[PDB]
Amino acid sequence: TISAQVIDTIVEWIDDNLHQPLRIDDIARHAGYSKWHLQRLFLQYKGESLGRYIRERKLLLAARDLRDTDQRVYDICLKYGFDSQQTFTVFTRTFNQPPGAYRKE
Amino acid sequence: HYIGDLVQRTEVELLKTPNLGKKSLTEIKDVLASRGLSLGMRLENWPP
Numbered sequence: 002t003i004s005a006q007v008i009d010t011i012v013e014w015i016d017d018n019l020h021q022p023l024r025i026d027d028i029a030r031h032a033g034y035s036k037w038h039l040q041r042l043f044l045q046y047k048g049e050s051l052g053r054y055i056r057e058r059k060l061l062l063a064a065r066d067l068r069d070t071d072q073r074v075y076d077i078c079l080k081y082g083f084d085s086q087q088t089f090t092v093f094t095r096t097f098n099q100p101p102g103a104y105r106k107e
Numbered sequence: 276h277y278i279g280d281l282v283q284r285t286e287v288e289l290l291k292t293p294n295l296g297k298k299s300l301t302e303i304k305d306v307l308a309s310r311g312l313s314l315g316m317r318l319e320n321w322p323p
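From first to last, the protein sequence lines are chains G and A.
The authors' numbering puts the first sequence at residues 2 to 90, 92 to 107.
Note that the authors' numbering has the second sequence beginning at 276, numbered continuously upward.
Keep in mind that a hint or two might mislead.
Listed below are the simulated PhoX-like cross-link pairs for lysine-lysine, each with C-alpha atoms no more than 25 angstroms apart in a straight line [to be verified]:
id	chain 1	residue 1	chain 2	residue 2
1	G	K80	G	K59
2	A	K304	G	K36
3	G	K36	A	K297
4	G	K36	G	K59
5	G	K36	G	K106
6	G	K80	G	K106
7	G	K36	G	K47
8	G	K36	A	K291
9	G	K47	G	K59
To give an idea of the chain A side of the interface with chain G (calculated C-beta under 8 angstroms), a few residues [what the hints assert, rightly or not]:
id	residue
10	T292
11	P293
12	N294
Hints were generated in silico from the structure; no laboratory data involved.
Think of the CB as a built atom: it goes at the ideal place given N, C-alpha and C, for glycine as much as any other residue.
Model the full structure from these sequences, guided by the hints.
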């Protein structure tokens, strides 16, 4: 029990939520835990900054949609959180693996 | 999401969440007091 069961709710919010980005103000509210209700968790349970963990989660989620043989490549990053194609093109810094070649795999 | 669920829950545990911008107590009193509903009455059947 950390901050009255915030771990059991963060995962549910990440699962249920739409492609809306996750920031301090966005998740600070209906979360039931403010900035410090999340800082301790991100420091202890995860040990990684939000901008990298969210990007990794989006990449792991899109790894299946890229294999689902979808022709609308521009909408793949949009349906998962990346509001722009250039920002998602994160993939170069993470995998150094072609968008298209991976999409071909 | 129901009026029967809103009238039954006690405000002592309802007003402690920090995510509510405002509970709209004006409309809450308008829907409970003007319709003959006091603090925590058990209705016959609230859910559809």
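Is the Cα-Cα distance between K36(G) and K106(G) 25 angstroms or less? Distance ~41 angstroms between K36(G) and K106(G) Cα, so the pair is violated.
Straight-line alpha-carbon gap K36(G) to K47(G), limit 25 angstroms: holds, 15 angstroms
With the threshold set at 25 angstroms, check whether the alpha-carbon distance from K36(G) to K291(A) stays at or below it. holds, 17 angstroms
Restraint check, 8 angstroms cut-off on beta carbons, for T292(A) near chain G: OK, holds: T292(A) within 8 angstroms of chain G, min 6 angstroms.
Are the Cα positions of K47(G) and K59(G) separated by 25 angstroms at most? Roughly 16 angstroms between the alpha carbons, so the hint for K47(G) and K59(G) holds.
For a C-alpha distance cap of 25 angstroms, please report whether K304(A) and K36(G) respect it. Distance ~33 angstroms between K304(A) and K36(G) Cα, so the pair is violated.
Proposed proximity, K106(G) with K80(G) (alpha carbon, max 25 angstroms): holds, 20 angstroms
So, as I understand it, the hint says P293(A) touches chain G; can you test that by seeing if any CB pair is closer than 8 angstroms? holds, 7 angstroms
Checking one constraint from the list: CA of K80(G) to CA of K59(G), max 25 angstroms. Satisfied? holds, 10 angstroms
With 8 angstroms as the cut and Cβ atoms as the points, is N294(A) at the interface with chain G? holds, 4 angstroms
Given pair status - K297(A), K36(G), alpha carbons within 25 angstroms: Within the cut-off at roughly 20 angstroms; holds.
Taking only the CA atoms, is the gap from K36(G) to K59(G) under or equal to 25 angstroms? holds, 22 angstroms
Hint violations for this structure: numbers 2, 5, all remaining hints satisfied.
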